[PDB]
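Removed from the display is one protein chain of the complex; every other protein chain stays in position.
Think of it as A, B, C, D and E in the order they're written, each chain with its own count starting at 1.
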Amino acid sequence: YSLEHXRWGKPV
Amino acid sequence: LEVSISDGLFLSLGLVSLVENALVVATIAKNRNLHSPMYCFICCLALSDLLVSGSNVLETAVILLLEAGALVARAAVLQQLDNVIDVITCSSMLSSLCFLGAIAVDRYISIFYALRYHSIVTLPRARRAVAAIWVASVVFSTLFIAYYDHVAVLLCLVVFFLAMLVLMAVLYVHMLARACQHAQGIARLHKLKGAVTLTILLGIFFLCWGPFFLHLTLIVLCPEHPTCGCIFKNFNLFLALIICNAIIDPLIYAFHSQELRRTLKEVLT
Amino acid sequence: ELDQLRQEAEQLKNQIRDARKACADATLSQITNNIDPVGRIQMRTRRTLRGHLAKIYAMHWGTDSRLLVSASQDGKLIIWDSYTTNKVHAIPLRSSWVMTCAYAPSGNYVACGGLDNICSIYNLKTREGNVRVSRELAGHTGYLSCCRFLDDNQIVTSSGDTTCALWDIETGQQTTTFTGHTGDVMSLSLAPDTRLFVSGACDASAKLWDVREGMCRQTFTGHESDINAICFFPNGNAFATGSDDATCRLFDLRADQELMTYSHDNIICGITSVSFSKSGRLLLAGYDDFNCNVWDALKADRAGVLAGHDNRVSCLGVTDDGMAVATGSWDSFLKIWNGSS
Amino acid sequence: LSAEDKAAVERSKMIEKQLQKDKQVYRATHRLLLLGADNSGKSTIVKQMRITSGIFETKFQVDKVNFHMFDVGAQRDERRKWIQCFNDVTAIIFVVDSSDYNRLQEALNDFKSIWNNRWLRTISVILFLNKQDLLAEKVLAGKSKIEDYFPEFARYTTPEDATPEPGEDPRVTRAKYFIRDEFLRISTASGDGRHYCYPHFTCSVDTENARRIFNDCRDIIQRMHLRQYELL
Amino acid sequence: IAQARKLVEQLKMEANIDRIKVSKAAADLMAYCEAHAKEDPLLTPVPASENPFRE
Partner (left out) sequence: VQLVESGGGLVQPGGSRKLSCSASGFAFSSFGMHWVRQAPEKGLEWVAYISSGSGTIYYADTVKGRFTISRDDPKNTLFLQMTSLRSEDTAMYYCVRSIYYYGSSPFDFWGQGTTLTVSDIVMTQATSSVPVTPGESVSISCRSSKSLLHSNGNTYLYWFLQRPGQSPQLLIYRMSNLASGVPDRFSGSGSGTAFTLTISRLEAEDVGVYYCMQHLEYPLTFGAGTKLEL
């Protein structure tokens, strides 16, 4: 949903 | 602390980078003296840095279009779009990092097996290694993005980065031992630059990739400590540093070649 | 005594220079000052031939204008079909350091030689179907720099021994040795009649030899360094010369002197090979700089440049039909060029 | 394509397979140019390594590395055109007759000519100061001496890091390393560091010289790649 | 010395050879170029249908 740059950019 | 890397900066750096790496690929394609396993690995590195910069560019464009609302899209189609662009990004990372290792290994064989070098490394074997790297890397990056909520994925990424680190360390420091031995022999016949070169190679390597794998290490080992929260807020700085790799590695590896620079001049004219 | 001969040599050189200055009533630049500029000749690489393994030192076209012999440090001759890019033959040489090859006007034979100081005549059209050495010409006492067939049985052959020799291939012997040169003979061009040839040497001179009379008909001395390359104008009564000095110069046989000097201050490096186009209107010169430049042979201006090579352009040749120029280089590639309007 | 064009392209492919095999041979082979005057005894080096024609290809092998050593000979006394061919050899081997002092000066000028040549700016020279036995004998006889030919050999005194053989007299050491230093002054003079000079003292009795050339080419190629990598 | 006598005789020959004026030579080369200009595919590029290396 949120779609964020890269991956694992925030915990869990 | 937070270095608030804007989407405009991701666009700028990724565009500049894919431009530069595309120049590198055109310059190797046009100059057939550069059809050699060394420059094959440099071309494949430049391709991995192009694909990573372009995937960051494409992701930044998609997120800008969504933030503008110029694209409206369901959740599922965007989740799969995210998955695809993340697979291209992660594969091109793993491949770029592998091609940094492959360049290190090619250089190492060219020194310590110098006489047998063109028997041990060949365009057949170079193209095999390149294909195995990209194919294995799509396999792995698909497994990583599918299981991205499993800490085993993040540890596989970190452990891969560390194996490349201990590799390139063993390697370039043996090449620098032999450089010092050559410098001694030169001094004896004739009656620092290698250290600077390693500081640029391994420093831009560690200082641009390592923040991201430190981040992954803290996502595994430290999901909730506030100092780890401070590091997590800088994740865009860390991707922009990986694009700084995609910028500087052309300069480190490719444009040290005089014949590349000459072809780059005739490509740009 | 010797002093009298050295003096009469100086006197006769002065006589020759006076006769040339007497003939020099107008320059080619003046007579051709009003002929139309040829304009930019944007030639394109129609084929690249990619099979060679080391520095290509020579190529020669067949009269058929599509078969193409090419010699390289790898110790191969490759016969190329230019049209298809197919390798018609790959010939293992007995010496790696070949430096010249020639394709016979019949195409029955290809010649090559080099630091072996030997020309191997290879029969392309055996009944056994492998290419094999028809004759192994020996008698040269120095490296073999250029060779050109006159006939299925005659080859003219320059050497770093400062001589050229005409050989009877069926007997393997020199039927005439040309011995007025005082330095390594680098370049060789048969007149289209094959009764005369010019050979250029590191004595900075080009000499015109009567193939059958056997003596120097006349000598040309305008260059400042080694004449790496020589080529008759298709009329057979003028020839161009390329030197280690970056100029090429066109000498007329009957005027006995330079008509024209092709040079540009941007070009600071030796000419490696020279060929005219079928009209003679274009003079194509390979360079140490990896370009080969196209010159207006009449007006002496740089009508174009062929820029695709990655190393010293070692050899040029225009087809006898004139449809294309082939260009070999030290990068091991052999590119065929023409425009297409 | 016609059936005959299909078969001709098949033939071209098969020739390309053979050329690729020869590319394996040719890049596994390291080419060497064996220079030196007629006094140098380079022919004896050829013979001891092998155990009107203008060029002799001496093939030899060390530790599965093939070397082709081109003893160019029966050429005219101007080298300046055919040395252009040996651009992109791994090394030039330059044998010097260390004994022949009056010809030692022209050997030095000829070394300068190779080292400074625009086509050789990157091609390292393996000096073999051959006939070192005859040099030892001449100096221990003492009948004629380097000082008769090079007065700097008064000023010159043995390097602090010279390593004589156990039976070697220090005056033989002085002669050896003075000749060495004479060549090295030219090399360290004009060399940008693109190329280096690797002097080895040798005699006819050397079986080691194949090992010497193997080690020298290994060092040449290492220095070359490190220069390309900006590590040296 | 025989070599210098040969060199003298060769220069005597080069001296004695007949020469035309450079204007006539230049005119003959220019005339050959003009009379063979259309016959030169590198000078005047042949149509793409006609070119042996395209279509």
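Observations on the structure shown:
Just so it is clear, contacts are C-beta pairs under 8 Å (C-beta built on N, C-alpha and C of every residue); 3 or more make two chains touch, one makes a residue touch a chain.
Only one of D:11, D:68 or D:76 touches the absent chain when the whole complex is considered: D:11. For the options C:21, C:40 or C:125, the residue in contact with the chain missing from this view is C:125.
Which of C:81, C:203, C:226 or C:289 touches the hidden chain is settled by the complete complex: it is C:81. The residue from C:52, C:76 or C:89 that touches the chain not shown here is C:89.
Take subunit C: the residues that touch the chain left off the picture are 64, 66-67, 81, 83-84, 86, 88-89, 107, 125, 127-130.
Within the complete assembly, residues 1-8, 10-11, 13-14 of subunit D touch the chain that is not shown.
Everything below uses one rule, namely that only the chains that are shown with their structure count from here on.
Across the two interfaces under comparison, B-D and C-D, the one joined by more C-beta contacts turns out to be C-D.
One simple way to say how far apart two chains are is to compare their mean CA positions; for subunit D and subunit E this gives 46 Å.
Inter-chain centre distance (subunit B to subunit C, centres taken as mean C-alpha positions): 50 Å. Measuring from the averaged C-alpha position of subunit A to that of subunit B gives a distance of 21 Å.
Residue positions of subunit D touching 2 or more other chains: none.
Listing the residues of subunit C that touch subunit B in their complex gives 307, 310-311, 331, 333. Partner subunit C is touched in their complex by these residues of subunit D: 5, 8-9, 11-12, 15-16, 18-19, 22-23, 26, 31, 52-55, 57, 68, 70, 72, 74-76, 78, 80-82, 85, 87-88.
Those residues of subunit B whose C-beta lies close enough to touch subunit D in the complex are 107, 110-111, 114-119, 122, 175-176, 178-179, 182-183, 185-186, 188-191, 193-194, 197-198, 256-257.
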